[PDB]
Structure formats: structure tokens, C-alpha cells
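Assemble chain A with the ligands onto chain B, guided by the hints.
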Amino acid sequence: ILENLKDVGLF
Amino acid sequence: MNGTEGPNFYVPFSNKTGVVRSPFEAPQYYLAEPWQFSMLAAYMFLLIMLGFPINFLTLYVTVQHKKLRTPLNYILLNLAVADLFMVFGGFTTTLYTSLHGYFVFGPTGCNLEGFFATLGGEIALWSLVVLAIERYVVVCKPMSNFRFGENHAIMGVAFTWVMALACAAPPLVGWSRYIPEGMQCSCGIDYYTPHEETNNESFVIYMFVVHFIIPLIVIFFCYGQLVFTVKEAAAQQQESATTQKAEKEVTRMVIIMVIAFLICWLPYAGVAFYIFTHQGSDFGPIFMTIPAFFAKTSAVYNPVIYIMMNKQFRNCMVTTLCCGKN
Ligand SMILES: *[C@@H]1O[C@H](CO)[C@@H](O[C@@H]2O[C@H](CO)[C@@H](O[C@@H]3O[C@H](CO)[C@@H](O)[C@H](O[C@H]4O[C@H](CO)[C@@H](O)[C@H](O)[C@@H]4O)[C@@H]3O)[C@H](O)[C@H]2NC(C)=O)[C@H](O)[C@H]1NC(C)=O
Ligand SMILES: OC[C@H]1O[C@H](O[C@H]2O[C@H](CO)[C@@H](O)[C@H](O)[C@H]2O)[C@H](O)[C@@H](O)[C@@H]1O
Ligand SMILES: CCCCCCCCO[C@@H]1O[C@H](CO)[C@@H](O)[C@H](O)[C@H]1O
Ligand SMILES: CCCCCCCCO[C@@H]1O[C@H](CO)[C@@H](O)[C@H](O)[C@H]1O
Ligand SMILES: CCCCCCCCO[C@@H]1O[C@H](CO)[C@@H](O)[C@H](O)[C@H]1O
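Taken in sequence, the protein lines are chains B and A. Here the first sequence is numbered in the deposited numbering, starting from 340 and rising by one per residue. Here the second sequence is numbered in the deposited numbering, starting from 1 and rising by one per residue.
The following block holds chain B by itself, in its conformation from the complex:
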């Protein structure tokens, strides 16, 4: 999820 979380700017 981390890579998907950085793509959305939430982490």
C-alpha cells in the first residue's frame, strides 16, 4: 500500500 499511498500524497 505504501507506494499507492505515496502516489496519492497521503504518505
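Derived from the structure by calculation, the hints contain no laboratory data. We put the CB at the ideal spot given by N, CA and C, even for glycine. One or more of the hints may lead you astray.
Which residues of chain A face chain B? A partial, calculated answer using Cβ under 7 Å [as the list claims (entries may be wrong)]:
no. : residue
1   : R135
2   : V230
3   : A246
4   : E249
5   : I256
6   : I259
Computed Cβ-Cβ distance ranges for the label pairs, DEER-style [what the hints assert, rightly or not]:
no. : chain 1 : residue 1 : chain 2 : residue 2 : range
7   : B       : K345      : A       : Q236      : 32 to 42 Å
8   : A       : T320      : B       : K345      : 40 to 50 Å
9   : B       : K345      : A       : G284      : 44 to 54 Å
Structure of chain A with the ligands alone, referenced to chain B:
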């Protein structure tokens, strides 16, 4: 009788003393002290001095930084543009009109101002809805083998524009109307006077359900699942301190974004719904501006939450603001 009807307005002040004037023609210094008008002007001035840089710098750094120009950021730019509509449509105008004491631009200006201010705030509103959707899709992955790209992203931005026009245009063509509001210096949707010639009762519910309830639910579902998807993936990965931080940092942001959304639009909902339930009672001018105070400031705190707490937008902004360094 707590008001004063006219052809294209409603002054919330009894004309039993013969003092009420059309908010297009003469200052409404009888429903508010002239300093209360100055304080209104002061506040409008503030939202310009903060809203314009923040939302403009958001547009500016995206021009200077290749890495900001990603499809998942398009909706964020759309947001900054929506706020700019809120700034130059509503804030600048209301600053000028507040200094005269009445909406000097006549009913025509009342429709222009009301349209672009309504358009700005709803593009921003649905922008938050679209962004919440995108993040649910990207993170929670409900559709196997799906990939979010530039094509899907442009659809998202256009969707906000259709939804926003779906709310800002009907009052121009008879399903509601823009009239002077509160202290009569700004123009908005007539949600508080039954006007069967325009079927306000229907439009308010259309607004309340379509524009309010639907986003409230989408944003609650989309972000509900997201925290869940992130909570679960953290439990299965407790050996990763980073994955544990992300879960906490994401939970925090989801709470902030949700809460901020409520502060922005719950007041408006609560007031309009009250007037719908408790029809046409004595609602003061300043009473009407308290809902209006919260969503207008969103033109500042939405860019702060969504742009300035985004780790990259922040760094690109800092580098840009420090002449290319750091
Ligand atoms: C709030 O209430 C006030 C008072 O009720 C109201 O203001 C009043 O508006 C009327 C117009 O509807 C004004 O009446 C005018 O008075 C002048 C002189 O006093 C007349 O000349 C006007 O025209 C008459 O005479 C003309 C002759 O040439 C005729 O052609 C014409 O048809 C008229 O017969 C007219 O009588 C009145 O002066 C004001 N009162 C005050 C105190 O200003 C106001 O409109 C209300 N507000 C709202 C939003 O409704
Ligand atoms: O022109 C050079 C840059 O092209 C791209 O920048 C654009 O990417 C999209 C089209 O390819 C546009 O929709 C978007 O608005 C721009 O960011 C590329 O991404 C840049 O790295 C290039 O420098
Ligand atoms: C950028 C800010 C511009 C402020 C322009 C204020 C123009 C005020 O103009 C004045 O408005 C008064 C009522 O307030 C009227 O009584 C005066 O007749 C009118 O000259
Ligand atoms: C629950 C909401 C009921 C629909 C009517 C409320 C709309 C408030 O007003 C309208 O919406 C905009 C939102 O920014 C306001 O800021 C604008 O002044 C106006 O266009
Ligand atoms: C609609 C989106 C709102 C989701 C907010 C969920 C916040 C719950 O709190 C979360 O759960 C933990 C308990 O397991 C808490 O201890 C932590 O603060 C947090 O991780």
C-alpha cells in the same frame, strides 16, 4: 413580519418604520452598523491576502516542477482554481460592495457574483469528492487490473464542473434565484424564502441531497474503506515500522480531511434545513452569514490541508519560494 420583500431581493429587516431600501440602491446601515460592514470588508480582505497567494502558488509551483504534473494531482489543481473562482468571484466583489453598504452592481451583478461564487465552491466541493474516490480506487483497489491514468483523471475534473454547473446554473434560469444575502453585500442561493415561481423548496432538497448528502456519503465511504485497507495491511506487516507510521499518518489525515469537510458544509446544511423545517421565521442578517463564514474560509484551509500538507507540493513550494534552493 420580520422582513421586507422586493422584486429581486429580501431584506431581513421590518419596514414598519419605512427605512428599508433596495440592496441595489442604498446602503443597508439599518440592519448593521457601518463598522460591522467594515469588519466584513476586513474579513474579505483577509481571505484575499491568504487565499490568492496560497492558491496561486499552488498553480505556480506545478509549472516549475515536472514531478507535480501527475494525473492524481490534477484534481488538486482544479481545487486551487475553484478557490480562485471563490476569491475573484466572491471575496473581491464582496470587499467592494461591503465598502458601499449595498450590492452596487444591481441584480445582474448579483447573478454574476452568485454564479461564480457558487461555481467556485462547488467545483471545490466535488473536487474533494473526486479526490476521495481516486484515493479509494488507487489504494483499496476494488477493480482488479485497473490502472488510474491521465484519461481517467481528466474525467474526474470534468465531473466536478458538470456537478458544479448542475448547482450554479439553475438559479439563473428559474429553479432558484440569486438574491442579496445576509448584510446584502454578497449574493447567494435563495434557500430561505418560499418562492413558488422558482420552486425553491424543490431546489433546496436537490441541493441538500445531491450536493450535500451524496458527497458526505461518498467521502465517508471512500475514506472509511481506505483507513480499513490501511489498518489491515499494517496488522499483517507489524514488523515494518514504516508501514506502522503510514497507518498512523494516514488515519490522522483522513480525520482532518473529514472534519474539515464537516466544518465547511455542515453549518450551511444545518441552517438551510432549519429554515426548511422552521419556515420563514425571524432570521437575522448576521445569522445568515455564520454558515457563509465557514465554507468561504475553505478557500484558505483546503489548500493548506490538501496542498501544503502534501509532502511534495510543500518541498516544491519551499524551493520555489527560496529562489530555487533547499
Ligand atoms: C420601505 O417602506 C418605505 C415607506 O413605506 C418605502 O419608501 C417609499 O416609497 C414610495 C414609493 O413606492 C415613495 O413614494 C414616493 O414619494 C414621492 C414624494 O414623497 C412621490 O413623488 C412619488 O411619486 C408619486 O407622485 C408622482 C407624481 O409625479 C406619481 O407619478 C407617482 O406615481 C406617485 O404617485 C411616490 O409617492 C415614498 O417617498 C417612500 N418613503 C420613504 C420614507 O422613502 C420603501 O419603498 C420600502 N422599501 C421596500 C424595499 O419596499
Ligand atoms: O513538455 C515537457 C513536459 O511534458 C510533460 O508535462 C506535461 O505532462 C502532461 C502531458 O504529457 C500534461 O498533461 C501535464 O500537464 C504536463 O506536466 C512531462 O510530464 C514533463 O516531465 C515534461 O517536462
Ligand atoms: C477597493 C475598495 C474600494 C472601495 C470603494 C468605496 C466607494 C464608496 O463610494 C461611496 O459609497 C458610500 C456608501 O458606502 C456612498 O454614500 C457615497 O455616495 C459613495 O461615493
Ligand atoms: C445544504 C446546502 C443548501 C444549498 C444552498 C447553500 C448554498 C450556499 O450559498 C451558495 O453556495 C455557495 C457554497 O460556497 C456559497 O458560498 C455561495 O455564496 C452560493 O452560491
Ligand atoms: C471516516 C474515516 C474516519 C476513520 C477514523 C478512524 C480513527 C480510529 O482510530 C484509529 O484506530 C485505532 C484503534 O484501533 C486508534 O487507536 C488510532 O488512533 C487510529 O489508528
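Status of the hints after comparison with the structure:
1. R135: holds (5 Å)
2. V230: Result: holds, 6 Å to nearest chain B Cβ.
3. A246: holds (4 Å)
4. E249: holds (5 Å)
5. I256: Not OK, violated: A:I256 not within 7 Å of chain B, min 11 Å.
6. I259: With a closest approach of 16 Å, the A:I259 hint is violated.
7. B:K345 - A:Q236: 32 to 42 Å: violated (19 Å)
8. A:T320 - B:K345: 40 to 50 Å: violated (21 Å)
9. B:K345 - A:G284: 44 to 54 Å: holds (48 Å)
Of the hints listed earlier, those the structure fails to meet are numbers 5, 6, 7, 8, in rising order.
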